[PDB]
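Below you will find one chain, with nothing else, as structure tokens; this is the form deposited in one PDB entry, and questions on how it binds or moves follow later.
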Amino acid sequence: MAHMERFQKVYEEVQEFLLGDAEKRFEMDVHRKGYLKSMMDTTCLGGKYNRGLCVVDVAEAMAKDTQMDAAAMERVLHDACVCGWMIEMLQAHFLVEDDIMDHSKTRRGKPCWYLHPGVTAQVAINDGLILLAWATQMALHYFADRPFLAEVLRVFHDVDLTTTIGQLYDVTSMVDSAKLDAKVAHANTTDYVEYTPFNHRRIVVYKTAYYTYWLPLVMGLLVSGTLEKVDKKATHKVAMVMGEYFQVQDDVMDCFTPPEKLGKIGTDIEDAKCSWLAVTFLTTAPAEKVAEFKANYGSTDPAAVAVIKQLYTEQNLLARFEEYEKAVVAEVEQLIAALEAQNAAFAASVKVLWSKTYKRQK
């Protein structure tokens, strides 16, 4: 990828800064510095970098569009890389915490951070908090003299909030909402009445679309000083459409993509998650198959999980996804075409992001 080498160079730069700053400010000792280095490397590296690299792709596109000279271009690319790492560390934070919340086993082809024997969930929770803090530290340091610092902080923290609310929807989705009461436990649902297209859309847009699609695009515009050049509503709309689709893919892959290819072991079925598969099945399957689903879903029994997979297969869920995908392609293309009529350079950068999303395999 065009910016991978530069992006990785900036990682090393940022890591040196952050660890050195802890030495300077907090009397950080050699052993804990090494621990934090290993923590950062394990939690921030090994993903696809779609979010971080998007910031750079957008920033470059807009820098070229606005005819920046050699020096201005170099600054924008470095700033874009720093913003990219802000999002990658936000991602790192989210995944650390989520892997604890989901009690998961693997991430990016390695054990989950909390499952490293010298870590445990009780230390890992705080390691996740360090990651989130570091993200803001990068902005405060690298963008101290940039008027765009304020807007970077605003969008970043708005998106942090958004994702945590999306997560709230996700973690509370398998209990009937009228029964959500801190003082009273309640079993997972038996009737699945709340497993609706509306509720699935709400979970995925807030937990995924804002930080995975909207944030990278906006940060790229902010660092290049070109936010005013594009249609705010249109940009938001296309980010939501792609982001929803991205999470749908993730949902489909939970069941149908081998864990060794995916790099993680999802447990959506045994955890009774309101996934795209569950919602699409429940709303389209004949009554006797819905009965079978309800009798098997949300069970850790490997055979019960297999029953659900079989039900999904026999209900042609993959074909139904293919049809959903065709509708998404059409809408995304319409939205990009409209963006292109306003600013072609930005529209092309959305196309780049879309191309890395459409029909991805992991």
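Residue numbers count along the first chain shown, from 1. Here, rigid core means the biggest group of C-alpha atoms that superpose within 1.5 Å across both forms. What changes on going to the form deposited in another entry:
- Core-based superposition between these two forms shows that, of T189, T226, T163, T235, only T189 has its Cα displaced by 2 Å or more.
- If you fit the rigid core between these two forms, you'll see the Cα of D301 move by 2 angstroms or more.
- After superposition on the rigid core, the Cα of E151 moves by less than 2 Å between these two forms.
- Annotation for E292: C-alpha shift under 2 angstroms between these two forms, rigid core superposed.
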Second form
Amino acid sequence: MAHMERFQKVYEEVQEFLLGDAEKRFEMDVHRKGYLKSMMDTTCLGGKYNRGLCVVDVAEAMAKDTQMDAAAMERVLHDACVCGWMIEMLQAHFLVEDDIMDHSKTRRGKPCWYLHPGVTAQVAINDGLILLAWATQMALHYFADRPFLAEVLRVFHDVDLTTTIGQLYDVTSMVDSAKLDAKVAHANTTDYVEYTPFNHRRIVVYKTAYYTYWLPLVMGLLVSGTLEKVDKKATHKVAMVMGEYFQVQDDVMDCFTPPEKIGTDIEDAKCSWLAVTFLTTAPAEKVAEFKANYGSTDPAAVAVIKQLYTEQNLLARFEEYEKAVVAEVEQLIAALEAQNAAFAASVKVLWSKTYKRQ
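Okay, that one was the form deposited in one PDB entry. Can I see the form deposited in another entry too?
Keep in mind that what follows is only the chain, not its partners or any molecules around it.
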């Protein structure tokens, strides 16, 4: 951990600023102030803060790689926690909104924010918008005298964009893209036309890889003032490789591990690494059976799909994929190390947090 202490304290610090700023600016009352506090805690807390804490570990390793008096170092660590929370708030913004779009039931053991008894979708959609707003507010306030403010905004807002596009690709893949037309319905169920391993790749990259991997790394570099020290290209590729792997692994785990949440990809008819890899490689009659049973809440259907995946050896094949990814990541790190050991060491520890999640 190490930076968990520091990170949770900045949250409390940031919460108080954010609520206080609303009282100052928008005549905020005690009742709704209290509502926004429960809103923040419920949507932003619970996770393991891997993405936020990445900003911190990156920043630390870069500032430790220069000669910095404790004072500058402490400012770099605080600034890294604020970027960290910007990303956690960005994510939380996308979970809130995405749970409403998908009519999802639960989120980390609990009902989705919009299904909290005294919230409702009507309030929750705007709640989502407040969290995004707040992310920019942190930067505007905490980085007001920092040379990296313009860059943080640019890169954070490009990733907001990137992720909305990944979102677009993920909710417009139910039907052959050629039939997509605002003023004509195709409705209900998928035809699997877009369900190609490449299109899945396109989805995960924009929807997940940038905000989960690329954004923490760069904010890391931006707050520590070390962006010009590393190759843009290599930073992008390694973010993409890890980002791809992480989702491929989350997809496999949804279906394959006990794990003690309840995995719901099959019944939701998710465009998953499992689904796309199966559809493009399995024998003809298997494909027929898959299509007959996919995207059903019925537990018999779900069990058939899982049995089809097992017969296709998809678990062992993932581990093959995993091993091919190990090779790539290790190659990309070794290449980064030749340019800056501090950053590469950092990337080596973010890999160890992604690799073989259990």
